[PDB]
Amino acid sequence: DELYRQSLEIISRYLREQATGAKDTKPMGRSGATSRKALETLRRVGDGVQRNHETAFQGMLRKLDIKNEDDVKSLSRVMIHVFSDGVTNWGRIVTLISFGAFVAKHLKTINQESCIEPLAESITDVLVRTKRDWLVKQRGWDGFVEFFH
């Protein structure tokens, strides 16, 4: 119940603060410090990988044809297909979240900023439902931060 809350918190914060250039006006909620270290890891690595995959991400966005929140409810299935099953590791996870961050930037640009919030949820939903057991075998986000030092 709570690990989903933690992950969702991190992703929503990262996506918003990537979309807007701001750094939030408060700290984090319950389990806040681990979530902060995760968010700063994201700050570094997400921008790096987004720069590396600018071409593929930008062409995919060119395809995705996103207009409103209904598009958000219809994109989760493409996200699931691309993230699917097979090789599981932290790099693919940060890549998931990083494409979420680019999508959030774009949504703010088209003034459809309100769609950033369901997006994160969808990401987070797909993130837990598909990797839950493995995440606990990584003691959650602890495996994340320690991996990326």
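Residue numbers count along the first chain shown, from 1. Whichever C-alpha set is largest while still superposing within 1.5 Å between the two forms counts as the rigid core. What changes on going to the form deposited in another entry:
- Summarising the superposition on the core between the two forms, the listed residues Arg51, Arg30, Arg62, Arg44 contain exactly one with a Cα shift of 2 Å or larger, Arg30.
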Given for the second form:
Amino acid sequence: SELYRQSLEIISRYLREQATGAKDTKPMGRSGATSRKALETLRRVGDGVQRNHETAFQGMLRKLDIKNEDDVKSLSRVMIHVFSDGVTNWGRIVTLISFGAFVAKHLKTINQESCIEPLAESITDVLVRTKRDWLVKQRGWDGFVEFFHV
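Can I get the form deposited in another entry as well, since the one above is the form deposited in one PDB entry?
So it's only the chain below, everything else dropped.
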């Protein structure tokens, strides 16, 4: 669907920019203004989450103990568990994606950057496939952008 593809583009762009520090100039495409606004929202709100929850993020990264691609496969089990537990909302979705960026930065640091794209795919899979009903009900990325109104 466009929801999956839109979500993948936003999340992948955010993780790549976080990991590399570089901004992608290629147009978003279909939901341009909204996708661009969603990415900007992740930049601002996600920075806040990474900073304000740095202690937990650093501790979690240590727990995952990522050395290679095999460890990146193993964290998908943890991701789907922790995220699926309890009630979802945009705050938890930002935590999911912001932590993804935090992990992606680590992957850059250890020179295993090729895992960033599959990680973004994994995050998108868990978000869109498992919470489709909630996302649709809450107006998808339009809803996300309006909720935070950065």
